[PDB]
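Presented as structure tokens, the chain that follows is alone, the form solved without the named molecule.
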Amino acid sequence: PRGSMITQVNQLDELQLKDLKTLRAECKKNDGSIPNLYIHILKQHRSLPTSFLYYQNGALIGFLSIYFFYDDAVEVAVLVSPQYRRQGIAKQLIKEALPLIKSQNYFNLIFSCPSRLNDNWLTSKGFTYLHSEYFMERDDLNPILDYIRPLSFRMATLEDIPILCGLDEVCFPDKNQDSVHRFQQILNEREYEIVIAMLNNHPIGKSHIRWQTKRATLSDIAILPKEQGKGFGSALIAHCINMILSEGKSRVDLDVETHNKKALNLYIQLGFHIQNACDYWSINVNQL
């Protein structure tokens, strides 16, 4: 008890950042996946103190942080060193964040949990599973030779706003506020391109590509609902993969949000593996 210490902090400094990364690595290796910590958000000063660091004789063994992204909720990331689990560390860390979230007119807190780790007991105490977030990677240097579909592909320009806004409205319905200007931001940023898939003369799908020097990231893949289930999505992803490989990139990444595990088979079939996976559970503060 003498060496147990909790510091409430508005922003982590160099020290506190490097300790958090160490704890993250130990959790990552022990559990396979880690919650989202948003390391860029932690170097940044905020109105209330936002991170709760748990030390035992100077060593960081526990961490809780709270995040304010949208109006109705607060995202909570919690990490305890595997050595020190089930000793109350996480519970104590919650009590420190509570008075602060009541200072913000928030009563709903959402936890990011490594996939498969905590399913049985988040059920028991009333947590509501919401959705899952997967970061996937394909290290295979061999291209995808297989999906011959009646599709042609072209790169999107600023004249493709209506196509891109229409595709996003029906494939990402609870998301698209001011898509016009979001796609305008994307198409004005050199690191991004958007592939449009065409079935005859109809655009039926799109995929975003964020290029880096040695990799590229696919995101916001969409196929018109009436055209799904015909292999067009797999053909579009494979086209982006072969495009990425032909530019000498050694890796394709992919961010995807799902509500069940079955939806990932699609990406497994194309050579992706899970690098990180989190399920987002919910609860109001009333249920302690």
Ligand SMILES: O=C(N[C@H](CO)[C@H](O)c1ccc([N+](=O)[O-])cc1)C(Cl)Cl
Second form
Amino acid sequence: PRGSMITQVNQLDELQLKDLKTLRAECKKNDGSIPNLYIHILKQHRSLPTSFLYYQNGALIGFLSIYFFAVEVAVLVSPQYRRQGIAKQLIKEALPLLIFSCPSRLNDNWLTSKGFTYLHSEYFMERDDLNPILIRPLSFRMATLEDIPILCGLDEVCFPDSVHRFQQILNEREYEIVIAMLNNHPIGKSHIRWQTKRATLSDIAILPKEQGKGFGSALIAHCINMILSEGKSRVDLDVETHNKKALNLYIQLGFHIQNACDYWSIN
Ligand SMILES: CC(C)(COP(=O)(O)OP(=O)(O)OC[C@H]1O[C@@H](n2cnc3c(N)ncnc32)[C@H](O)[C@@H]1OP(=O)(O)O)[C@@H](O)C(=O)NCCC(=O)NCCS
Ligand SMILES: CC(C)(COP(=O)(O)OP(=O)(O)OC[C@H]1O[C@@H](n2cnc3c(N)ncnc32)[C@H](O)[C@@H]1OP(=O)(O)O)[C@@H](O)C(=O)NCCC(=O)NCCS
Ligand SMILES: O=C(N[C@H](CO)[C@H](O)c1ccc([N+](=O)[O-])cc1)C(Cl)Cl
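Alongside the form solved without the named molecule that was just displayed, please also present the structure of the form deposited with the named molecule bound.
What follows is the entire complex, opening with the chain shown before.
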């Protein structure tokens, strides 16, 4: 009680950042997944004091932060000190001034009972198998700037400023987009962000009318193989869903869940 301290901090200096990662690892090991913390964000000054740090005897045991992108609340309490009022004190420090990101399966029963509402879930998946995948009537090509109409059309029906977003992606050298063609019709796309040791698939879209035919799996399998041919040892994948049933697609291709969050809401 004497040794318990809450500091409201407009931006995390270096040392505060290193303590958070200690707390994150600890929560990661105990819960399996962690909330979104947005580390690169936590370093910038903002207009109101945003991150809330709970210390016990100088040791960080709780953290709550608010993000301005609606508002996203991330809350993290050391397993040793849970159910002792810590999160409750932490939101009050942010109540006079809500989308919670939540480790999948941890808090499902009691979030409903209080009147939270489930939005959707996000998954970071990883495929570490170095063996390729080993046949649909699809061809593939890399998108260019002259594919902007196609790319905007696909994004319109699969994720209801697209022109300039795709202009920005296509002009960034770490990014490429693969287009899937059914005969002479583009029916899908996948974005690749390349790094030295790995590459990340995102924004995978198949036209609604062409779904259920294996084109999605063929597209991702093509991107996996393309990544392995370049000597990467890992394919990552970010996908947002409303239902867990949707992940079997990626489980079949060798992806494993590395992190999983459910976005819940309240006011
Ligand atoms: C979710 C989390 C932040 C709660 O921290 P906490 O300090 O243990 O929660 P508090 O003690 O402040 O509040 C407890 C109350 O909120 C609910 N609550 C919190 N944890 C609960 C749990 N395991 N089971 C049921 N209700 C819970 C209850 O209403 C509880 O009532 P109580 O007063 O009788 O204890 C903590 O469990 C954690 O860090 N989990 C990993 C990250 C996470 O799930 N973030 C989502 C944030 S909502
Ligand atoms: C999500 C999406 C990309 C999937 O595309 P899709 O072409 O319908 O996916 P597929 O047809 O390849 O696979 C669907 C199911 O058939 C299975 N499948 C594919 N090939 C199979 C095969 N040879 N044998 C058995 N099952 C197969 C898959 O396992 C999958 O699940 P199931 O086992 O329960 O049946 C598509 O729905 C879409 O574009 N949605 C809008 C955007 C979106 O949701 N993006 C999320 C990724 S960022
Ligand atoms: O949440 C999203 N994206 C990122 C991953 O690209 C995710 O939220 C994230 C947040 C914080 C973080 N961190 O704290 O280092 C990592 C990933 C949206 Cl695509 Cl829903």
